[PDB]
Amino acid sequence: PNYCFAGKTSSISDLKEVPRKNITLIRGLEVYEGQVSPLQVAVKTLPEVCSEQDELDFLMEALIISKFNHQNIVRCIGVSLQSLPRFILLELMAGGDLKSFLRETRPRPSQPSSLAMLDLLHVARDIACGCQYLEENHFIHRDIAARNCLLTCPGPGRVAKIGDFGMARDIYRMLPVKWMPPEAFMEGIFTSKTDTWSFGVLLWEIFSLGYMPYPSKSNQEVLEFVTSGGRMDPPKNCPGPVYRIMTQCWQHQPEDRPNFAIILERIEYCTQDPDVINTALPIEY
C-alpha cells in the first residue's frame, strides 16, 4: 500500500519505526500519554482484535500524518508496527482537543477573563495556517471542526494544530453534515473550498465557545436549511468583522468563497482592530 502526498510516494518502509523497548505508556487519555527515550508523546493504539481493513486504515493514517511538515499540524514522532499492539506516536498536545477546551474554559463568575477575544482569534489563525498548508499542497481535509483540533497547552502560550485526518484517510482508502457546504450534499464534488466552508463553521464553534452548530437543528433540517440559503446567526457577542469572515466562508457558490490566504489576511486584520479584540465574551452562569 503506497501513499502519495505532494511530490513524493511513500510506503511503510519510510515510516520511522521506534524500537518498542524505547516506548513507555504513562496513562490513558484509544490513546495513551507516553514517553520515548525524553519525548512526551501521545500513543494511538491499534486493538489486537481487529480486521485486515483496520490494519490498513491504521497504516494509511500513519503514512498521511508522517508526510505532513507544518507547525500547525500535529507531528508524527514515529510508529511501532513490528510489535503488538501497534502504535502511532504523535506530538503530545497537553491542552487537549479544542472543543473540550472551549467548553471548559468559558468565562465564568469564578474566572471572568479566563479567555478573551484575542485568544480565540489566535486559535482561528493557527488552524487557518494549517489549512493554508493543506490547500497549497492540494490536500483536502474534509473534516475541519473543533473536535479535530488540539492545543499544545491550556495557558496563554497555546498553539492550535490540526490533529485528526481520519476522514481524509477513509476517502484515500459519515459526512459531517453540519460542517459541509451545499455542493457536497448535492454534487459530491469536493474542493479546498469545501474546507473553506468547514472553517467558517469552525470559526462559529470557536466564537460560540464550543456550541454545536445550528443549535436545535437535526442533520436533515440543516441540510435543507443550508441548501436553501440559510445561515447561522452570529454567536453571542461576536464582533461584526469576525461574523463577516464566517459568512464569506459560507457563500453558496464555492468560487465566491475566500481561499485560506485571504482568510488568514482577514483574521490578521481582526487581530489588529481594537474594536474587535476589546469586545468582551459572554460570562456564563
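Residue numbers count along the first chain shown, from 1. Take the two forms, superpose them, and find the largest set of C-alpha atoms that agree within 1.5 Å; that set is the rigid core. First, how it differs from the form deposited in another entry.
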Contents of the next structure:
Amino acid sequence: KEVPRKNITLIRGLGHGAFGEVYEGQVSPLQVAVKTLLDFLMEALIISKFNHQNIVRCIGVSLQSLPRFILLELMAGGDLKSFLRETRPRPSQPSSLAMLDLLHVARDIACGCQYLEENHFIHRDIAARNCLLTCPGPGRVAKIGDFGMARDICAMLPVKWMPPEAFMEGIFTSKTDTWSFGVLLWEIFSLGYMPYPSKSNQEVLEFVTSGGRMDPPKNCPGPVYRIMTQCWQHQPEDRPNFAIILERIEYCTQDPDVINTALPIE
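Condition change, the form deposited in one PDB entry to the form deposited in another entry:
Next comes a single chain, given without company.
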C-alpha cells in the first residue's frame, strides 16, 4: 500500500490525467505510472479493490508526502484513442491493424466490464480515452485504466457516452454502462473518431432523446454495428448485459466475413 518515495523516481511526464499530470516512474525496479493530485480516497481504494486482467493493477499509493500519488501498472501502449488514431491505415505505410485486433480490444474491455457488473460496480465513464493498452503490437491487452464518477455518487458530463436516463435523470446502472460500451465500440470501429462527429453536446441530447443514433463507422461490419444498436436501446431493460455483449463479440471473431473486412484508409 504505502510506498515511501525514497523508491519512487519519476522519469517522464505522460500527459494530463483526471486530477493532474501522470508520470512514467520506477520503484525499488518496477516501472509504473504515477498518477497525481474523499476523491483522493474514492479513486485510490476503488481501483485497488479489483482483481482482473482487464483492469489496470494498483501497485500502491504515496500519500504521507505531497503531491499525492497513486502508482498504477504502466501500460506501455498508451491510451486506446491515440493508438487507433496513430495506427489508422494510411497511403504512406498502411497498417497491420485489422478487424480482429479491433475485436480483441472490444472483447478485453467487455470482460473487464463484465467483472465490474458482476461485482455491482458502475463505471460511469466507459470511453476509449479511459482504456489502455499493454503495448502497441500484436498480443496487446486492453484494460480499463480510470474509473468514472463514483468520484460522484456540468458541460463536464460526458454526454456523448451517456444514455437518456443518465443525462436526463442522473440514473446510472450497469445498463447505463452498456450504453457507454456501445459508444466505445463505435469509437473502436471508427478508428478513434469523436462520437456524433459533427454535433455538439446539446444537439446530441436532443438527437438521442428523440431516437437518433449514430450511423455505422465506415466499413463497420453489420454484426458489430448490431451490437452497438442493441447497446443503444432506449429502455435499459432492452439493453444486453455484458455476458451477452461478450458472447456476441465472440461470434464476430469466428465469422470470416467480419474479420476479413478491410479497414478504411485515411
